[PDB]
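Missing here: one protein chain of the complex. Every other protein chain is in place.
A, B and C label the chains in the order they appear, each numbered from 1.
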Amino acid sequence: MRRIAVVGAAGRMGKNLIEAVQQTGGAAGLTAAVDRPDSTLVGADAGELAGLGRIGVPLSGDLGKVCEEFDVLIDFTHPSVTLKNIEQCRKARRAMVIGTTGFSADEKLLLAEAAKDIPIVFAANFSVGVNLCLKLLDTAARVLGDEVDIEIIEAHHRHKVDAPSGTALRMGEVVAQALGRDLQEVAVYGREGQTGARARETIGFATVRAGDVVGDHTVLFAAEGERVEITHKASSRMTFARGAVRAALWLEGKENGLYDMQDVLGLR
Amino acid sequence: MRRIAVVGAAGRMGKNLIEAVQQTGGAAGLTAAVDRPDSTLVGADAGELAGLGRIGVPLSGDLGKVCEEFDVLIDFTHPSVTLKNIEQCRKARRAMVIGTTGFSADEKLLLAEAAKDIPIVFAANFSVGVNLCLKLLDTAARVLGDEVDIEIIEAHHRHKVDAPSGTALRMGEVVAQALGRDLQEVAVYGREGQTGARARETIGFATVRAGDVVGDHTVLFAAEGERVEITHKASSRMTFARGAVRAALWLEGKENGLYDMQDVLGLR
Amino acid sequence: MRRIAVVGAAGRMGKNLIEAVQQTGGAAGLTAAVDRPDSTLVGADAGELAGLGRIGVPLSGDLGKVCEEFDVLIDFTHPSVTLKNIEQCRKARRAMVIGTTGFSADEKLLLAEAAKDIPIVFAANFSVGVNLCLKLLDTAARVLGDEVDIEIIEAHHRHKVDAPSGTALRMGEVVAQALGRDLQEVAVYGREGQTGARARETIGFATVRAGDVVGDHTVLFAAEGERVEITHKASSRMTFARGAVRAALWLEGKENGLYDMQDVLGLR
Partner (left out) sequence: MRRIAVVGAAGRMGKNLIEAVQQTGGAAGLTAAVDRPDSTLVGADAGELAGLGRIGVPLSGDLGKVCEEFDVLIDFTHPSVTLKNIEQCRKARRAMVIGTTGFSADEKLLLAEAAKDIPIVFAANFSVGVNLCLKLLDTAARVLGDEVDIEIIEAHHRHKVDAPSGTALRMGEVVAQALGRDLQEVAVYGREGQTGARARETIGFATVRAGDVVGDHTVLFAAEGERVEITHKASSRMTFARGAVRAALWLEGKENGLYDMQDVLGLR
């Protein structure tokens, strides 16, 4: 089977990753789990810590002591940690799946550099469903062309501070690019009063903020006689964990390089 | 059976009214149809003109010519026309259903003045479903109270000039009044950038403009653990015609006065 | 403030109840938390156990030792436990909110008996949104009458063994009763092949089983020209916890008796 290590294992995503690894059924197995060296959770069973049954893998504090018991490392931590993990995995010639965000430009260049020596999957969004939708949106925009009005409707919980969501904006950009438009020029984010007849080129954003919604995204393509909607509904962050594990498996037998979920899903 | 006349019978709502009347299964029947005396369609069968089979009712040009041949007049024309229609019905002591919009405050007083002598149903919206939703919203808002975020999502076709719709704003007003809020003070019509966390008092409007959508309206009430949605979808203007016909039957036996659809539907 | 005890505090619902109590903001406060006497969690902070900050209330093993530090007891345990709690609360003249399910008929009679001496809220479903929807459905069915086709669409996760859900069936019964129909006679649960034109009286159930869906419920009322949909979407069991806490507060100053959520919500 595929031997998978998880670093940041005691974290929110790390716990989800442990779970998604066990849910592959002998395709993969957890062989290592690493968190902070100064963590009082060090020594505890990684399975128990994630709310699962006892797996038989203790939480350890140093990737170096276990750096040879795995085939691939999945990393959802913090840039300063991932850089150190990159170093150890590169030296040990082990593949990586990196979900950590917030890398600086210089920190990013290190990723491509390490990708000379090891195969890496690096993605800002590991959701299989979201990445699939991004491809479907490109196909739909190209087929439907300038016949349709395109509107992006999203809902998120009452605590979200940014609107529209990063995902909605990305969907907007996919559509804009497919139709040769500049999103920033044609985007509308609200409507109040006498707005007038809709321009065909407009990409409209209707944004709902309410309750505890994890994240709903719909792109509507509407013309006379018909509507097409492509919709993603998230219920938890397990979607990112499952996509990371898929990436970890996909990496088996792959040439050195820097890949993303479009590669993993065969959508590029 | 109930003898129904339709004025503005060649118009958009007029044609729908003819169809809605004929569809009553024999409870009612069309006995007169009037449009402009100006009309080139004068003489043509009312059924044929509405795309139905021949009904046996020619399109008349003068309400006065057929004044003594109907129990109730349904009027979807124009304020100037209705004000004249009213005086004729008032003198002939005939009941009216008035769907015409755009009356001044003074003219409404004139309608009421006439309603002293005849029963009249006068409503800004004759859709049974929309008026029902207005009542359901008041109930929902009172029960859920300040615990929920309330968002009003609507979609209309690409040629609609005003946003949010009059129906969406009315839904807004119903919820605001139930919760003791000033809609103008708490309404939000768009979201862009760092809007920050949502204030509970906010009534948000997310408005979609696209394709040929006749009119979709949803009110979302959201809190931790659950969403409640009250939704109306219009497929054609037949919804208003059917509601007007329901009013015309309801008027039978009613004492003089000025009524609305909340009276007709018993929602008051 | 309102002093609230929670029994079954270490359980799934008990943990949610602790959380919903703290989320009232001085309207209520947790003063006691009881679970199994033989629990090794006894002594631990009820707040910490539920994943919250330290509340200052230890988990105890016996309601009797604390039976006077609270105004109302919320109980989500098991019938054999609740019966004992009923006894202690009755003697101490303390109100109760009972969410425990699975009572036998004889066990139920004890509830009504205790309700001679104390005020009790007892409900099979403590969700405010679901109970609200049940009332809205009655209003809608009565207003729309035999003009509409009524269809109940629900979705639940891939592990649910019963179809349609208990909630969908209850919604079906509300509608059936409102229109004077027998649900069992008019219900349809699937459609395959040449089913023919739809009978107006039919109440249709379209049931989706997929993924991890917690529970979506929609009642569609459809006629020519329009659709009305009343929809409840659950995201977690916190909805039941929040409704129980509302009941606990509602009980303040109430006469002895047996109440349900229709009373709490003022919908009866």
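As a working rule, a residue touches a chain if its C-beta (ideal position, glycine included) is under 8 Å from a C-beta of that chain, and two chains touch if they have at least 3 such contacts.
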Among C:49, C:213, C:230 or C:258, residue touching the chain not depicted: C:213
Omitted-chain contact residue, chosen from A:13, A:223, A:247 or A:251: A:223
Touching residues (missing chain, whole complex) on subunit A: 23, 127-130, 132-133, 135-136, 139-140, 143-144, 147, 221, 223-242, 265-267
Residue ranges of subunit C at the interface with the undisplayed chain: 148-151, 153, 155, 158-164, 189-198, 200, 204-213, 220, 222-227
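In the analysis below, only the chains that are shown with their structure count from here on.
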Distance between chain centroids, defined by C-alpha means - subunit A, subunit C (Å): 36
Separation of mean Cα positions, subunit B and subunit A [Å, integer]: 48
Sequence positions of subunit A contacting 2 or more other chains: 212-213
